[PDB]
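For reference, the chain that follows is the form deposited in one PDB entry, supplied as structure tokens.
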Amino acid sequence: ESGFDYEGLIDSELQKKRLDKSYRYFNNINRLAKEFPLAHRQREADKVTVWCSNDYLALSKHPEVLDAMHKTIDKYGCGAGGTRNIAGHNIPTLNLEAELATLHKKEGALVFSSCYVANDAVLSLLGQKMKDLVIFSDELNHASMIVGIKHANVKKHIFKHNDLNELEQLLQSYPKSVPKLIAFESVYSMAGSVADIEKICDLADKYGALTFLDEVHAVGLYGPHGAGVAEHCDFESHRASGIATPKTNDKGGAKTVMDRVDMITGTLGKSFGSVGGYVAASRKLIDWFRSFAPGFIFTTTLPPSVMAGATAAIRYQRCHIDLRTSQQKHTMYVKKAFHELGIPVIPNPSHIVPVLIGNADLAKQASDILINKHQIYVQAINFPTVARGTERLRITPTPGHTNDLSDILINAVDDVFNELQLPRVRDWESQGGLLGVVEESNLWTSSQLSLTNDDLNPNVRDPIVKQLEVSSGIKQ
């Protein structure tokens, strides 16, 4: 007999990706902490300006983040040396979880290796323990949420993106007593659209569902303190109360939107300048995940210095709203320039500047020309990250992308569009349009963008954050 042809199967599957042009070539990009947002390629002499990083507030290089790392390394070394149950539970872990709980004004928070792992662990456990659970999932949810929902192994319904009429009809089709989960994101990063979190909470109350909210692309960027779009929903109540829970919401009600969301997940690998993921929720939910989630239990704890760096970034960004107003103003500068030039930015009320291409091969060629000819780094985005035919260049301005740098980007993208004769806004219109190329108004209003750090409650500057019992287990 002869064995199965494993290599033949692998070859055929990779060949298909080459054929449809989704096969990926990674770019060697070495970001320079001393020259943000510059990076160098294979050689240090070849520098480029990074315009697609998710280090949204430039805090990966902030002096307070690096100092926290250096000091923690001197004391703790590199690896944690164990798991949370065995030798891997320590003060940096306790401080990080407490800061995250404080940021979202939740009873607790639990740190995982990544938000991918956190989403998978949370969603997996919910379905494994509630086999009658019905999950209602936004069609554009991130791969980590799709995977977690699959692992949950429960009935699921996918509702069209941000379509709350369909969502309600799906929720209506069950008795209220059936356990339900609504899983969605605050900011969907590839096109930058935003969920109506308050209406989803209203639907969850009415039809008896828990809410699972992924704020990976909003933490650090929305709300007065960077706690996410959920915080932005009661912007003035949270700004007035600062670190404290407000007595009423922006509409005069009892509970803020962020308070009403049952589970909020975030990453430490973007705005917070590090690596890792977390869920913030009631202490009972946190203890539940801590006690039952194998992706939490059976893996090495993140290095102490990595946690300390994220902690420093969280604390700094909490009391620096100028990071957020600065990012938004730079994004608006780029968006306005591209609109005047007919550069097809997918309209969104967020910090993302995705430029529609619509062809995987043309997107790669545009990215290659940008980096090789113009020393501008924007990676081409293709399937599976985005649907085939919606390939795009995702530009992410930060507080470090000042107008002088933006002008260089703008001229470079304009030039690449001319060199490759790529479709402009008017050309997408001629074909019927795609992905919006009614625009939602910016999440950050003119009034909010005029706020300074002097407009924050003094209690968010250097707060003393007590460690949480639930991080170690609750004694009865």
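Positions refer to the first chain, counted from 1. Rigid core (definition): largest C-alpha set, two forms, superposition within 1.5 Å. First, how it differs from the form deposited in another entry.
- Comparing the forms between the two forms on their rigid core, the Cα displacement of residue 29 reaches 2 Å or more.
- For residue 11, the Cα coordinates differ by 2 angstroms or more between the two forms after the core has been superposed.
- After superposition on the rigid core, displacement of the C-alpha of residue 455 between the two forms stays below 2 Å.
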Contents of the next structure:
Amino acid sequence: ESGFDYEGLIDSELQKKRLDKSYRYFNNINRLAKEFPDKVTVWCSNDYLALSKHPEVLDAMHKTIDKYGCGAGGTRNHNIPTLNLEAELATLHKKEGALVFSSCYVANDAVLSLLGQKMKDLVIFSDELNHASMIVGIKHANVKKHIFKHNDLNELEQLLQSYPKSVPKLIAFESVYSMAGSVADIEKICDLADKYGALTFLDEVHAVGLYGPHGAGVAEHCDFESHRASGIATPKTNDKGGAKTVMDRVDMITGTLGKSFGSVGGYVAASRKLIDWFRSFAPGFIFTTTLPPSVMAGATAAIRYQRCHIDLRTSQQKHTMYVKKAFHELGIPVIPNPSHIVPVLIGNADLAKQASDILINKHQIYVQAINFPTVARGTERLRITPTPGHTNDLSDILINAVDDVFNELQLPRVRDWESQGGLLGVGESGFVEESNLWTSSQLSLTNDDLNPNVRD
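Next up, the form deposited in another entry. The previous block was the form deposited in one PDB entry.
Shown below: the chain alone.
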């Protein structure tokens, strides 16, 4: 008998994927190689505050390179850029400590894996729409998992209450869910954690930079006024007069440096004891090269800047609300959500892909078509993420273009969805939309309304 047909397996797997060809034989190298390869407004981006191109960030990078070079390997003095970045992140989340990883994928995986490796009897309660990095972390934990329906805290409580209090538990969830912009009720989950003796693990990847007075995320937003008053200080009380804020109550908060903060990397912020434990025992931390000083300095600059520029957030939120209100009046079906994301429901993969195909070619607008398996078949959509940079004149070009594409491809509008009973809140007979996280009051704040200590 001959060997396993490795090539046959790969070929059959690949034949299912839509991969056209870029590799060709080159006489000069006597082998195959990959053959090498405009003015477009980007309306879908993870660079939510446009900080990746901000002067303070680029300046911090250039200057750090002058001092330190490229990689961490060329430095001996943790190094100072690491301490600076960890301190900034701990400050942002008002935690005792923080730890930086290669990516938030690795952060999620390393933390969740370690909790399950050290507590074999841990039970994880996981929101059904958690990011793949959390799913993989929970899998790598090799502990029991119960999935609760998205944001269904009735179902979460039933699952939690079925166990004795003394059983170790973790509730794992995101603050903002990127594909529809839904938002967890963090305070209620913290309440449940207290009652049923659970740790909380919160992924604020799609909130950091964007929520709370200082961009510390939805957890900060839950005690908006306490945090605004205290600045970088731990407030004496929370918004309802109690001792501990929501962000204080969450055990573990993970984020990225790769989105709002205009760089790359991930982190967890937590108690000194949790951070020391991760640092001591997590192989995905221990056994990998530190991020380059320049990248860490850039992230640090972005965090410091965004903390004291609430006008970044108020600007993003106003642009979002401008786009949403316009779409509402035109009957363009946005999945209702209280966040910064504008998901336009199409409900057809071919038509969703064809819409962003026309947006790009005919209107020079980039918008991402989202299909299965990212979302459910039937719920396909265009994802739009307004930024501080999307002024009303750019928004006006986006609204006209999208309206034009809806008419060109004859896509369903809000009232069409209604006649089918609705979908994901769109044209749903008597749906009670959540209020926007950002109130009118909060949106009228300026940088002068921040505590002066946010610059020192």
